[PDB]
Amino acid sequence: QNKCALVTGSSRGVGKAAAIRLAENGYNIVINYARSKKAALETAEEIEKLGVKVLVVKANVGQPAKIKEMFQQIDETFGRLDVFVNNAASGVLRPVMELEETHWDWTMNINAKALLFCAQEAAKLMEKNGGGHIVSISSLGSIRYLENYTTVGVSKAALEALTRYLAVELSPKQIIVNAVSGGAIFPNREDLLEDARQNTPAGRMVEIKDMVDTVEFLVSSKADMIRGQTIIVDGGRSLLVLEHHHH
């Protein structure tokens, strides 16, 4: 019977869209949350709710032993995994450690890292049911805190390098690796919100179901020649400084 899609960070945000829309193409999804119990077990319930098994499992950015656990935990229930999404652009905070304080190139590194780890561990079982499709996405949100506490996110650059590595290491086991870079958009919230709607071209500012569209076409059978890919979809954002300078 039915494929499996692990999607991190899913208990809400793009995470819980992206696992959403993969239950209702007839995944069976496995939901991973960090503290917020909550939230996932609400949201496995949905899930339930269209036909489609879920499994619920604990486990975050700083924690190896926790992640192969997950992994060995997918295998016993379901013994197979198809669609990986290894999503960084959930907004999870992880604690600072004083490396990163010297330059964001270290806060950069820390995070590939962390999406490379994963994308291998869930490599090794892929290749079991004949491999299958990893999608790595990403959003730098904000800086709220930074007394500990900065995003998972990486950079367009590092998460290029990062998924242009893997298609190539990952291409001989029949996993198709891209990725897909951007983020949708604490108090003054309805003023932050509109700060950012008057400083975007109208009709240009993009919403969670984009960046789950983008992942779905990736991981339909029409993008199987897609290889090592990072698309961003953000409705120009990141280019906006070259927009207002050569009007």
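C-alpha atoms forming the largest set that superposes within 1.5 Å between two forms make up the rigid core. Positions refer to the first chain, counted from 1. Compared with the form deposited in another entry:
- Remark: with the core as the superposition reference, the CA shift of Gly79 between these two forms stays below 2 Å.
- After superposing the rigid core, the Cα of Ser136 is displaced by less than 2 Å between these two forms.
- When the rigid core is held fixed, the Cα atom of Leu146 travels 2 angstroms or more between these two forms.
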The other form holds:
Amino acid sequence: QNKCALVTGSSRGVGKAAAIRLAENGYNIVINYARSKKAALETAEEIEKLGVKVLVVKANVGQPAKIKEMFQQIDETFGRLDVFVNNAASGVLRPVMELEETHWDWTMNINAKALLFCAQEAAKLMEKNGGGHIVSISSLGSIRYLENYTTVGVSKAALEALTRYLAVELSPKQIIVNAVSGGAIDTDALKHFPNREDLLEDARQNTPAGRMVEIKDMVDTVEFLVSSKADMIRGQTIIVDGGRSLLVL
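If the structure you just shared is the form deposited in one PDB entry, then what does the corresponding form deposited in another entry look like?
Excluded here are partners and other molecules; the one chain stands alone.
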């Protein structure tokens, strides 16, 4: 058969566009979501027009038992997996002094713990045909301060560190692991930020490139990192931000 790709959180936004790009390149697709079922089924219908097979799996990736159920479905339906894009994220955006334990656990479980358990199940499927590629999506708040972003920034720093440990430990399985970090993108996720207009204004005005990052720019780097043209890039996080992080003022 043909190669298969899973993209977590692919009902909308970056994940959806990544799943479509992989489908355009001949991959069968696993679409994943937590609650936005209608958008997930609509994405699946769009992608099936390309002549690939699509499996839609509801699985909150913050719960390893749901991860394991999802991968059992992938194994039953396709019997293989070749590309895995860890893209889903959630979070609680408030000042650090107001954070509660549930806010930390929710965010860390979905955004960083997910990669460890998805990577384990992905590797077991990838070993069947000789390897594969894993790419995670991160942001500038892993290494810099974004206002109100503590829970998510800390999870993304864990995610990038996990990307390094997996990149070393899964190399014997011929699995290539890396991450792509973005500057701000005008998706539904920005609506979580009470300072949404400030972020957009800053991206529009202060990005050296002269425009904001778009979903296509993140997808283009994902595509490269799964393409076989990037097999000796390992454990790296590539920053796609139009040059915004280079500045001071």
